[PDB]
Amino acid sequence: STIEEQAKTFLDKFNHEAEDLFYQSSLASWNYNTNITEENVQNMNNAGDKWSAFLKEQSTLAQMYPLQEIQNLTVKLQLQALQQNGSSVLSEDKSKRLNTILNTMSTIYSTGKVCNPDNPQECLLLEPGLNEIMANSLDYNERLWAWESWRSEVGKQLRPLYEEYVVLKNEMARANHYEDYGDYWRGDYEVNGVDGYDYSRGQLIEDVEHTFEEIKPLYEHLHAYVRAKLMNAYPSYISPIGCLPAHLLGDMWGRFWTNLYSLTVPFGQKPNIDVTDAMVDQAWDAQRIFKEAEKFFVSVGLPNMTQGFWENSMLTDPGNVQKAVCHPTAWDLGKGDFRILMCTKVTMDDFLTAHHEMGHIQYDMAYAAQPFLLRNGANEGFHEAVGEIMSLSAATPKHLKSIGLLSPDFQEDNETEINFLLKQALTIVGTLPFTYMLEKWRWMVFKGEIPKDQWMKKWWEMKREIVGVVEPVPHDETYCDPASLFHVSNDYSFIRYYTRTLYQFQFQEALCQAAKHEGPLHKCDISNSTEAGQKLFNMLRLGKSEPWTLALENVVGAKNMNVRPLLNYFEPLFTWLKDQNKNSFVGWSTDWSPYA
Amino acid sequence: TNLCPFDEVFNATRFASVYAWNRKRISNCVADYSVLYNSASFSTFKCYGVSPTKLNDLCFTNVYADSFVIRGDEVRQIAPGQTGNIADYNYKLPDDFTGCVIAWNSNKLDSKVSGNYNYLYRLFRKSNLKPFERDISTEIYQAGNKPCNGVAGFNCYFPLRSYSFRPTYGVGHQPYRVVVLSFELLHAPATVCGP
Ligand SMILES: *[C@@H]1O[C@H](CO)[C@@H](O[C@@H]2O[C@H](CO)[C@@H](O)[C@H](O)[C@H]2NC(C)=O)[C@H](O)[C@H]1NC(C)=O
Ligand SMILES: *[C@@H]1O[C@H](CO)[C@@H](O)[C@H](O)[C@H]1NC(C)=O
Ligand SMILES: *[C@@H]1O[C@H](CO)[C@@H](O)[C@H](O)[C@H]1NC(C)=O
Ligand SMILES: *[C@@H]1O[C@H](CO)[C@@H](O)[C@H](O)[C@H]1NC(C)=O
Ligand SMILES: *[C@@H]1O[C@H](CO)[C@@H](O)[C@H](O)[C@H]1NC(C)=O
Ligand SMILES: *[C@@H]1O[C@H](CO)[C@@H](O)[C@H](O)[C@H]1NC(C)=O
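Chains A and B are the protein sequences, given in the same order. For the first sequence, the UniProt record's numbering assigns the number 614 to the last residue and increments by one with no breaks. For the second sequence, the UniProt record's numbering assigns the number 527 to the last residue and increments by one with no breaks.
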């Protein structure tokens, strides 16, 4: 026998033996997350130890199967994932430093202490401290106290450690032969060995830059409108041809513009659609939310939930003495065990989150037939762009009438579409430049174009020209401002929040095209549509068996990421914004500074 | 009026593994095909070449009952002209089979929270099985070019594996008990007819 059919025999044993140990880890984690107790921490640790040991042992043994003697793509894909060492290439001396560094960073981020000057009495930390302070307040000085308190302590205590965190993570990625740690991250999108569907690591950068060039007008108009409406909340301190100060953009870092809605309302005296009252007035329980989310997927094209999902899933908070960690999740334990852990009230946000979490489950059931190592989304953005277009169709003022919650005589005025479109633009269009800039900064730091002493200088120059945000008080080369964010201290990628945003609008316009929808895209509803569900399933069922380019083409008909559908969605708002900005300046001058 | 031992077959306390399936010989008795068709407690009841009713009054020489336990998704492989692990390495049916296949769920009996490791099946074999053949050998499968010497290792595996049933599994992974009934028609008095 040759090498290929020997690898085929090896993978059979691996797939048989791996599914058994993955069920005990998931169930032990579920027991902890549903019922917190001291003795339910040891089982989780034991299961996690056994799973990790098995994975390491089988990864060691699978490196005696050279890839060059293999011609089938499926076995190559299954072997590549398992063969990857990771961080074990490091010497044991250089492996006791990196984990210690990461744990210290995580601990120092978790254990914060912000105390106001000349008063050691009260200290409020991040949750629910400064986060609540920088969520609802209209005082310049108070807002410019929490923004420098966090950067004064944490940054100055993460700069020395991060400098080491960079040097090791590169060398590891230099031992894995990838040029550096940024390209290691970009290797997720790589496709090789398929004609007409290949994709290189360096092409992702160029594909990202081109798209951002076709969103600048909309972001400039939104930025100018927000700036025009922020000169009245704070009578001054904002210049009409300048950059928005960092401590006046909702949350702390400026990652989301959502909390600026109370100050920026297109048409006041016209409230938005809320059906919480309707639910709470005519006896809506916690199951009817999950009984109507089923009849959506069943209506469109898709199978119904299993019996074990209706009896092994915690859908309502337990209360009493038993403790439960509330966070909406969707668990695939294997062996046909799907369940959802989330404590739900009777509101509208829970109703829309239910569709998200049920879409997550419905994506999992489709690729349960693939081998163990090929059960995931095509890339790191396919799995949260599928469970998110289901909340886009469960909130339109046509789905709600059809289920008996929005008055059957309701009228749709065009003074309310703009109000709904700014709520949806303060979250989607107002975060793309931040993600782009942060990931580009990390890419340059990892590559080496940014020397160690010009670190905080380049940060507050890309804030100027890419985002439009200015220092309220100048920072020298002693802070580490990006380290103040969660995904920079704890090692995580950050580009997945960009591409996903562009994917979810490519999908919808495709599905709405199969439903013969007429009118604005934002008013679409994929219900009772047997043509869109089949098209979505023809991508859901594959998993990681085929390149993400082919899976994307199966639904949208294009081989690359595109931004035009996102601009089509936000068209009326663009016209309104352009019409209401005939007496202002679009753009910002990168010279004005609050501290002069 | 001697009743055939159908209770000892369908109502056995413990069943057998697939690679060691149990065979029972039924002959010289009166067979009552009334607690099988009428009983609406069977998940799968399929007969090939013989109508279930009506044809329940035909004389046969010998009858065979083959019993084992598989999982839910594998029941479809107990049929002529089917491929898979169960059909090729465990239990093989001829193309011209004449008989019946019955399968029913047994979750409340064969599943345990800690896992039921008493049930086994064969994963590796040199060649496919001929029809109605049973192999209970335990020689190490030699996938490489080096001798295994009866010890597992690199490119040497133990041929038997366990199902590990648990109560919280899905329908397709739950245990199913399977009984296959075969009828023999030879140049014999055929003392098994049944009213
Ligand atoms: C197996 O044992 C049972 C109990 O002794 C027999 O009785 C039948 O049991 C089923 C439920 O398991 C009932 O639905 C039937 O009504 C019972 N029938 C009678 C006559 O009591 C059952 O017949 C036995 N199985 C076989 C194949 O004989
Ligand atoms: C939670 O765990 C404790 C373990 O101390 C156990 O006694 C209790 O029955 C569990 N409760 C539930 C609802 O599982
Ligand atoms: C690759 O291996 C899988 C699994 O055995 C098989 O189904 C597939 O046909 C193989 N590829 C080709 C091109 O034959
Ligand atoms: C799902 O639908 C099937 C028929 O399509 C039905 O047999 C089954 O009971 C349904 N499941 C639930 C939980 O209602
Ligand atoms: C889908 O069909 C149901 C069946 O009653 C109906 O109530 C609902 O309004 C339909 N959806 C749309 C968008 O018309
Ligand atoms: C809403 O429609 C009316 C009627 O065409 C129009 O006069 C008005 O300007 C529209 N509102 C906006 C914000 O475009």
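Just so you know, the hints here were simulated from the structure itself, not pulled from any lab data. Take these hints with a grain of salt, some might be off.
If you want the footprint, here are the derived chain B segments under chain A, 3+ residues with CB under 8 Å [unchecked claim]:
no., stretch
1, 475 to 487
2, 497 to 510
In silico DSSO-like cross-links for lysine-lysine, where the CA-CA straight-line distance does not exceed 27 Å [stated by the list, open to error]:
no., chain 1, residue 1, chain 2, residue 2
3, A, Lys26, B, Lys444
4, A, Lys419, A, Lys577
5, A, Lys234, A, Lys309
6, A, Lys68, A, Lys313
7, B, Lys462, A, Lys31
8, A, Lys247, A, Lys416
9, A, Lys553, A, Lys577
10, A, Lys31, B, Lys386
11, B, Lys444, A, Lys577
12, A, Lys288, A, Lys94
13, A, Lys31, B, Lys458
14, A, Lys31, B, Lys378
15, A, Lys26, B, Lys378
16, B, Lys458, B, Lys478
17, A, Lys74, B, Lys478
18, B, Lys378, A, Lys68
19, A, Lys131, A, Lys31
20, B, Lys444, A, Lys94
21, A, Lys234, A, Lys31
22, A, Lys94, B, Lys356
23, A, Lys553, A, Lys309
24, B, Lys378, B, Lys478
25, A, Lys465, A, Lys441
26, A, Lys174, A, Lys465
27, B, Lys478, A, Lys26
28, A, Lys26, B, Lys458
29, A, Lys541, A, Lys553
30, A, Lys465, A, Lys247
31, A, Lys174, A, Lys187
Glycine included, C-beta positions come from ideal geometry on N, C-alpha and C.
Quickly compare the C-alpha distance for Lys288/A and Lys94/A to 27 Å and report which way the hint goes. Outside the cut-off at roughly 58 Å; violated.
With the threshold set at 27 Å, check whether the alpha-carbon distance from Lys378/B to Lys478/B stays at or below it. 46 Å, violated
When you check the alpha-carbon spacing of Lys31/A and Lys378/B, does it fall within 27 Å? 33 Å, violated
Given the hint that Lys553/A pairs with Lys309/A, does the C-alpha gap stay at or below 27 Å? Since the Cα atoms of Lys553/A and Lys309/A sit roughly 24 Å apart, the hinted pair holds (cutoff 27 Å).
Coverage assertion for the stretch 475 to 487 of chain B with respect to chain A, Cβ distance below 8 Å, three residues required: Answer holds; 5 residues pass the 8 Å Cβ test.
Are the Cα atoms of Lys444/B and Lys94/A separated by 27 Å or less? Between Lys444/B and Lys94/A the Cα gap is close to 37 Å, so the pair fails against 27 Å, i.e. violated.
For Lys478/B and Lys26/A, compute the direct alpha-carbon distance and say whether it is at most 27 Å. 18 Å, holds
Proposed proximity, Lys478/B with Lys458/B (alpha carbon, max 27 Å): 16 Å, holds
Satisfaction of hint between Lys31/A and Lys462/B, Cα-Cα up to 27 Å: Roughly 24 Å between the alpha carbons, so the hint for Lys462/B and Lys31/A holds.
27 Å limit on alpha-carbon distance, applied to hinted pair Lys68/A and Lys313/A: Cα-Cα ~40 Å, so violated.
Assess, step by step, whether the Cα of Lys174/A is no farther than 27 Å from the Cα of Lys187/A, and give holds or violated. 21 Å, holds
Given pair status - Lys31/A, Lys131/A, alpha carbons within 27 Å: 52 Å, violated
Going through the hint list in order, the structure does not satisfy hints 3, 4, 5, 6, 8, 10, 11, 12, 14, 15, 18, 19, 20, 21, 22, 24, 25 and 30.
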